[PDB]
Amino acid sequence: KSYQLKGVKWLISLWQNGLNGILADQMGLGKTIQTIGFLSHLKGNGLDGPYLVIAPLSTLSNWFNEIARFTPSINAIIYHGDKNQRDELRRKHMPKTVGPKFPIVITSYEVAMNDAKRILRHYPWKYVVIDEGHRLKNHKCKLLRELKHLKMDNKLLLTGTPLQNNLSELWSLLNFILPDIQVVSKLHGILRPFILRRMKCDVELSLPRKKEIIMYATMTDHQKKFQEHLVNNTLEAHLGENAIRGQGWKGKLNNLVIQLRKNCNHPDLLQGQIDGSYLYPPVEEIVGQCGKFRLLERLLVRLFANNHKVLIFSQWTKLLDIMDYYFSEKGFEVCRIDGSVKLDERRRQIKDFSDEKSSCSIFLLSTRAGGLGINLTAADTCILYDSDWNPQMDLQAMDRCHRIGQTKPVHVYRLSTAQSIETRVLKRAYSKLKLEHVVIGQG
Amino acid sequence: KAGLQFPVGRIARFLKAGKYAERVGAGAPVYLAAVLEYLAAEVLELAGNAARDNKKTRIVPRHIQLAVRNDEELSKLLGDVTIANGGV
Amino acid sequence: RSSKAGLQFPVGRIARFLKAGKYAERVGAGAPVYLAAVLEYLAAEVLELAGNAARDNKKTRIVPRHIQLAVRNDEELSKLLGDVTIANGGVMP
Amino acid sequence: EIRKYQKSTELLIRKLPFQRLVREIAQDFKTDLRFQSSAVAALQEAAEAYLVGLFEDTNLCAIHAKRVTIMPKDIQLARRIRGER
Amino acid sequence: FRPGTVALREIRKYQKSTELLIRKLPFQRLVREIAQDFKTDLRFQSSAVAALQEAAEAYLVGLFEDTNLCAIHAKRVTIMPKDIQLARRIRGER
Amino acid sequence: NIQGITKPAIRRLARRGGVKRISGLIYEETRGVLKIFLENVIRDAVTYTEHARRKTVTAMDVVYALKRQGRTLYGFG
Amino acid sequence: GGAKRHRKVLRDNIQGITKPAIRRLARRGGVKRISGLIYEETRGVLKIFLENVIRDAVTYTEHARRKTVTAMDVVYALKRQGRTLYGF
Amino acid sequence: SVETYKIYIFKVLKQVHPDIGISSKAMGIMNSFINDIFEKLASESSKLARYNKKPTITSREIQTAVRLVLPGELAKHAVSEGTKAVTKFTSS
Amino acid sequence: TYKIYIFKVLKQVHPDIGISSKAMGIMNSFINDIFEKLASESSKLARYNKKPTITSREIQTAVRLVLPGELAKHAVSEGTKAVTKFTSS
DNA sequence: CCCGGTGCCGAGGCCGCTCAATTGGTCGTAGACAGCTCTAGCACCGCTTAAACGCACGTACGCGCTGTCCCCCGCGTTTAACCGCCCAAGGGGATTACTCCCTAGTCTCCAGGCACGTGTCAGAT
DNA sequence: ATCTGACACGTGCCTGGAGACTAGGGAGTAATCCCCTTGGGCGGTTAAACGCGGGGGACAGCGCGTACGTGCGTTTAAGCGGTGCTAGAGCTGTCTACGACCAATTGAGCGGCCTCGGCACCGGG
Ligand SMILES: Nc1ncnc2c1ncn2[C@@H]1O[C@H](COP(=O)(O)OP(=O)(O)O)[C@@H](O)[C@H]1O
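Protein chains in written order, with full-length UniProt numbering: chain F, 203 to 383, 415 to 676; chain W, 22 to 109; chain R, 19 to 111; chain Y, 51 to 135; chain H, 42 to 135; chain L, 26 to 102; chain X, 14 to 101; chain D, 59 to 150; chain A, 62 to 150.
Careful: at least some of the hints might be erroneous.
[Claimed, not checked] Straight-line Cα separation of at most 25 Å, SDA-like style, residue types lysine to any residue; simulated pairs: (1) 80(H) / 73(A); (2) 98(A) / 39(R); (3) 344(F) / 418(F); (4) 344(F) / 259(F); (5) 45(L) / 34(L); (6) 83(D) / 150(D); (7) 116(Y) / 93(L); (8) 298(F) / 272(F); (9) 665(F) / 418(F); (10) 80(L) / 69(D); (11) 80(X) / 116(A); (12) 69(A) / 73(W); (13) 45(X) / 126(Y); (14) 97(W) / 56(H); (15) 142(D) / 116(Y); (16) 211(F) / 455(F); (17) 551(F) / 522(F); (18) 575(F) / 320(F); (19) 98(D) / 134(Y); (20) 22(W) / 118(A); (21) 111(D) / 44(R); (22) 443(F) / 626(F); (23) 83(A) / 100(W); (24) 563(F) / 16(X); (25) 105(D) / 45(L); (26) 60(X) / 129(A); (27) 105(A) / 150(D); (28) 105(A) / 79(X); (29) 285(F) / 315(F); (30) 77(R) / 131(H); (31) 111(D) / 21(R); (32) 80(L) / 93(L); (33) 211(F) / 232(F); (34) 298(F) / 284(F); (35) 303(F) / 320(F); (36) 641(F) / 522(F); (37) 542(F) / 633(F); (38) 64(D) / 21(R); (39) 98(D) / 100(X).
Quick caveat, the hints were computed from the structure, so don't treat them as lab data.
Use the sequences and the hints to build the structure in full.
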């Protein structure tokens, strides 16, 4: 905890000069103690002041539990929900009188945004602390407008990934942290005073290393036929010739990129959407009709040769559905958690997948879902059936299985197709990793 | 003039007169002639057919009325016409 | 010209519109005046009825709910807006 | 008698009564006025047509209430959902 | 309460309000579906769908008042499909 | 001169429409609805006429009025 | 479980007009009791109205070489049908 | 950039009801009602011109168009307001 | 007026029928009325689009916006064919 | 159903500036109007006969009253989907302002069709 | 078998066709930039679905009495034909007093900027 003691040395410093900071310690250090350690350090002079801490929901439980455990006692209260929040508003303590019992105010981004009026009345807030800075990476987001109505005499931003998309997210934040605010060195002059990013370097060799390897596939004939009919037109006719169950259908106004990405994923998506096709491709071999599908199949047969459990990711949910159909026909037992499935339902599925005796080895899993803090370690191999257009999602998904408790070495199979937009996207996500990799150079 | 029976020239003149607009294109007279011709043909057909039922060798106001009344399209364009010397 | 007559609506602006609306080749001099004096009358009536409506609902400003009501109430102004559907105007009990 | 007048195209009101009514109701709009002998004919044709439609919708309105005798309520229900007044 | 007294409650409140019924999203789906038939790839501004919805509601309310008149004419209080079918025949609608 | 639209005539017209049996109070109502119609059309006709500086309701005046009210009338001119 | 032949179909967009919403539109019209075969009847009459208006709007649009149906295209269609809307 | 009668519709209101506010989306109906009544009258008076085969829309025509659009007693009191004004404009 | 042409259209569709004198009147009236509707619509369409020319395009939209139903879908084809023949020749 | 008290946000306010409404001569043309011809609308008579009228008589329909049973409404509970706010990147699509060329109105001559005047003929009246 | 229509035809004068200009709106292009799809994330929360009584209202049957249709003999008065008379529709020719147009002139009203009072949402009553 020497680093975290340098983490509290630098936020006591920030408190001194008056400036405003964005602690950017990597994810895995804990991301929880550091924050409450600073809140508890303010006991010197008086912890009894206005204090606010906005965060998602799960962050809130952990925060409160830790305030209870690492430190003996800190008036804390979770202001979650609506109408039931009105009673605890006053049961807590006096309106504005800040006694040594004025309980820490912990809210969510919705609550903060929807009813800022209530908290607008409170005194200049000693320190508003926003857990996930990425939420404010847009300078026109309605939360930002409502967040300025608060009278704040100090600000603070916690994050682990300051920039993901481009530099303008750095620009919008910098207005937030500091309203006043070859060339690479010149940037490092502005940013050295505030940013404090301690990598996972002081602690290293924590877990067995991983391999991320790209294995291309060759677009088959039928997909080429579909693609040319899309580069020009008539893909709304070569599939509309039958003209049943749906006539005079809409045009694929779909941005070429994503209508041709959907092809490069699996042509069935277009065919289903186009014709009536009340039934799935029962060929169960036409599913073979996709090259990327066939490379998945063979990979999986070679990875059952050892049985180590796999992980599958995708961008949409129609495609995971096709996959499930395919495998369920052969007979494999699958578990799946997308955004459509409910919360408590998905938590027990894991508790079962985590059951080592049970042989539900396959695990379908959408990309953006899962919130944060799930514990999936019974599997060992992750297959990114699609790309992102934002590599920080890929890193998160890989890390979800690359977390503590993975004795077996992990592989990653980013499938893709040559001579298509999938290869274009890989180059884009690569240049975004490079945009953040040269930034990691500064440290 | 070149393609039909109706007087493309006269139709054009009538458009020039009546000051419907400043300029009239060249195709504008030609198109209208054709549409009017089609419309007349349809009506004259049903009426004669109406007269072919009544077997009358001569089309009379009654037949026109009957035809307009029966057909589902003309009954809609011709919503409330009251043909002179006709009947239901 | 609006001044020479007692009208409050703009005579010149109406004249211009009539001459520039391809309504005919040559507009006369009296036609802009007559039109202005009829339009003004019509508006005054509607507004006067709508105003009587509001005070009742105990408000000092008119809202589409008031104009609708006034029109529906009076017979002539109804025979006139026989099909009009004022936006956000509700219906008469 | 239903069948007879459904095949004929003759006039059903007499001539001069229709003329007088039309002259009087004009009087209350402009004193002294003349009328071409074709105008009074157009006016009769139109009126006769109008009344036949009203009657055809009133019959519909009565079949609704399970009667076959026409009554003044029917004409009124017809003219009200027509929009006449 | 006794059935019919809360119903007269509803014919008063809604006749006094001017707030629109019909959820905004379903109507906008319907209009689009009805449109793809005419012109493939036609896009609607938002104000357009708004106007269309306003007009439709008015149409239906009018039809509903005349179909109540027709029902009362037959000595009932329940409005049945025949009434609508009678009302439209007298108004000319297709 | 509205009592000249006598009881037998209303009855004949009614059998053209489809009516089967006539009540007895139907006649006065008919005589009123005719009068209203005739009073509207004639007013519009006299307007059109005067506008043309005449003293003779004439060809195309009645037709124009009847058109004005949703009732195109072909022929009669 | 992977659905068999059945894919992932969706509900029709007309069924989107919920029975509760027809009842609310009726009560504002003054109705007391409503039958049950009424609902499947209102839907058809809504569909017909809409189909005549949208057809005119899509026409008025194309003539401007455009591909978006504005609100002034809708206002003109209604005016051609007798209904006039003030306020847009 | 967008011509409207808003300025004049608030002068007549003041004259008729001295102390009453107008609100917005409320003169968005009053302006429309005027524009529409203008259109109808003018179009009628053109048709009335093309029919009578004259190339001039004069006062007589505007008057016969009023008498045919504005329904009922409105006409009378409009016609008067209007004629009054033409005589007045004449003796200027 | 249109007598000769309406007499000609009849001889083509029903080669052996005649037509009385009152019928011809009705027919001429019908033709004239359609003409007027179509032309008025076209003129209004022009004005709403700030254009001083009544081109063919406006004759077609007008036919679509006033001829009801399939009756129009044909008239449009009939007019396009005849403007094409005239232009090419 | 009243009642404060609440904010608290749109209904009035003001203000230079641009362009659009006045005001003055020609400017030509569109209007009134005076006068004449002759069509057709009005008034009135006499006679025939068809449609209207009045009264009697029988009975079919309209209306009140009763009883059975179907199905709509109100309430409570569980479901669900509209509604908000966010991704990223596309990439389009309208509006405005850019510019040249091939057709409208314009003449001008000159062709040969359709309109009001006449002879035939044939139907269905 | 014939008479109310229906079918040739004529002249001519009047209007469609052709040939050409200077004009001049429309097809072509470039641009900027801003609202509009398509597929997914999570969190709200209010409306919609469902099930169950229970009671009211729709519907069918029956009976009485009264008002409607039919029939037959008077009595209107419409229709027709013919005669007379003049208002006023329709058209022509003169001559201006009225509208277009252009240019010089400039104050009225218009986009964007102020502020504070009336009027919606509540809890309390
Ligand atoms: N590299 C490290 N060295 C020492 N302690 C560490 C390290 N990483 C994490 N920790 C431990 O993390 C704890 C704080 O995190 P905690 O909230 O307990 O769990 P989590 O890491 O899941 O957020 C400290 O008690 C600290 O000892």
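Do the hints match the structure? See the list:
At most 25 Å may separate the alpha-carbon atoms for a hinted pair to count; residue 80(H) and residue 73(A) exceed this at roughly 37 Å. For the hint linking residue 98(A) to residue 39(R), the alpha-carbon distance of about 20 Å falls within 25 Å, and the restraint holds. The straight-line distance between the Cα atoms of residue 344(F) and residue 418(F) is roughly 34 Å, outside the 25 Å bound, and the hint therefore fails. Proximity of residue 344(F) to residue 259(F) is assessed by CA-CA distance (about 19 Å); at most 25 Å being required, the pair is judged to hold.
Taken as a hint, the residue 45(L) and residue 34(L) pair is honoured in the structure, with Cα atoms around 15 Å apart against an allowance of 25 Å. Our distance criterion of 25 Å between C-alpha atoms is broken by residue 83(D) and residue 150(D), whose separation comes to about 39 Å. A C-alpha spacing of about 37 Å is found between residue 116(Y) and residue 93(L), which places the hinted pair above 25 Å, so the restraint is violated. A C-alpha spacing of about 28 Å is found between residue 298(F) and residue 272(F), which places the hinted pair above 25 Å, so the restraint is violated.
Using a Cα cut-off of 25 Å, the hinted pair residue 665(F) and residue 418(F) holds, with the two alpha carbons roughly 20 Å apart. This hinted pair does not check out: residue 80(L) and residue 69(D) have alpha carbons roughly 43 Å apart, beyond 25 Å. A threshold of 25 Å between alpha carbons decides the hint, and for residue 80(X) with residue 116(A) the separation of about 21 Å falls inside it, so the pair holds. Between residue 69(A) and residue 73(W), the direct Cα distance comes to roughly 19 Å. Compliance with the 25 Å bound is thereby established for this hinted pair.
The suggested pairing of residue 45(X) with residue 126(Y) holds, with an alpha-carbon distance near 23 Å, which does not exceed 25 Å. Straight-line distance between C-alpha atoms of residue 97(W) and residue 56(H) comes to about 36 Å, which puts the hinted pair past the 25 Å bound. In summary, the hint linking residue 142(D) to residue 116(Y) is not supported, as the alpha carbons are separated by about 59 Å, beyond the 25 Å threshold. Among the hinted pairs, residue 211(F) with residue 455(F) is inconsistent with the structure: their alpha-carbon atoms are about 63 Å apart, more than 25 Å.
This hinted pair checks out: residue 551(F) and residue 522(F) have alpha carbons roughly 17 Å apart, not beyond 25 Å. A threshold of 25 Å between alpha carbons decides the hint, and for residue 575(F) with residue 320(F) the separation of about 32 Å lies outside it, so the pair is violated. For a cut-off of 25 Å, the pair hint linking residue 98(D) to residue 134(Y) stands: about 22 Å separates their Cα positions. The hinted pair formed by residue 22(W) and residue 118(A) meets the criterion: a straight-line CA distance of about 21 Å does not exceed 25 Å.
Of the supplied pair hints, the one linking residue 111(D) and residue 44(R) holds, its CA atoms being roughly 13 Å apart against a limit of 25 Å. Distance hint between residue 443(F) and residue 626(F) is fulfilled; the C-alpha atoms sit about 17 Å from each other, no more than 25 Å. Under the criterion of a C-alpha separation no larger than 25 Å, the hint pairing residue 83(A) with residue 100(W) is consistent with the structure, at around 21 Å. Between residue 563(F) and residue 16(X) the alpha-carbon distance is near 13 Å, which keeps this suggested pair within the 25 Å criterion.
A distance of roughly 45 Å separates the Cα atoms of residue 105(D) and residue 45(L); the hinted pair therefore is violated under the 25 Å criterion. At roughly 18 Å between alpha-carbon atoms, residue 60(X) and residue 129(A) fall within 25 Å of each other, so this suggested pair holds. Note on residue 105(A) and residue 150(D): the hinted pairing is violated, with a Cα-Cα distance of about 38 Å set against a maximum of 25 Å. Pair hint residue 105(A) plus residue 79(X) holds up; C-alpha atoms about 19 Å apart against a cutoff of 25 Å.
With a CA separation close to 16 Å, the supplied pair residue 285(F) and residue 315(F) stays within the 25 Å bound. Annotation: proposed proximity of residue 77(R) to residue 131(H) is violated, straight-line Cα distance about 41 Å (limit 25 Å). A hinted pair counts as satisfied when its Cα atoms are at most 25 Å apart, and residue 111(D) with residue 21(R) does not qualify at roughly 33 Å. A hinted pair counts as satisfied when its Cα atoms are at most 25 Å apart, and residue 80(L) with residue 93(L) qualifies at roughly 21 Å.
As the CA atoms of residue 211(F) and residue 232(F) are separated by approximately 17 Å, the hinted pair is consistent with the 25 Å bound. For the proposed pair residue 298(F) and residue 284(F), the alpha carbon gap of about 21 Å is at most 25 Å, so the pair holds. Annotation: proposed proximity of residue 303(F) to residue 320(F) holds, straight-line Cα distance about 20 Å (limit 25 Å). For the given pair, residue 641(F) sits about 34 Å from residue 522(F) by alpha-carbon distance, which is inconsistent with the 25 Å threshold.
Proximity of residue 542(F) to residue 633(F) is assessed by CA-CA distance (about 14 Å); at most 25 Å being required, the pair is judged to hold. Straight-line distance between C-alpha atoms of residue 64(D) and residue 21(R) comes to about 19 Å, which keeps the hinted pair within the 25 Å bound. Note on residue 98(D) and residue 100(X): the hinted pairing holds, with a Cα-Cα distance of about 18 Å set against a maximum of 25 Å.
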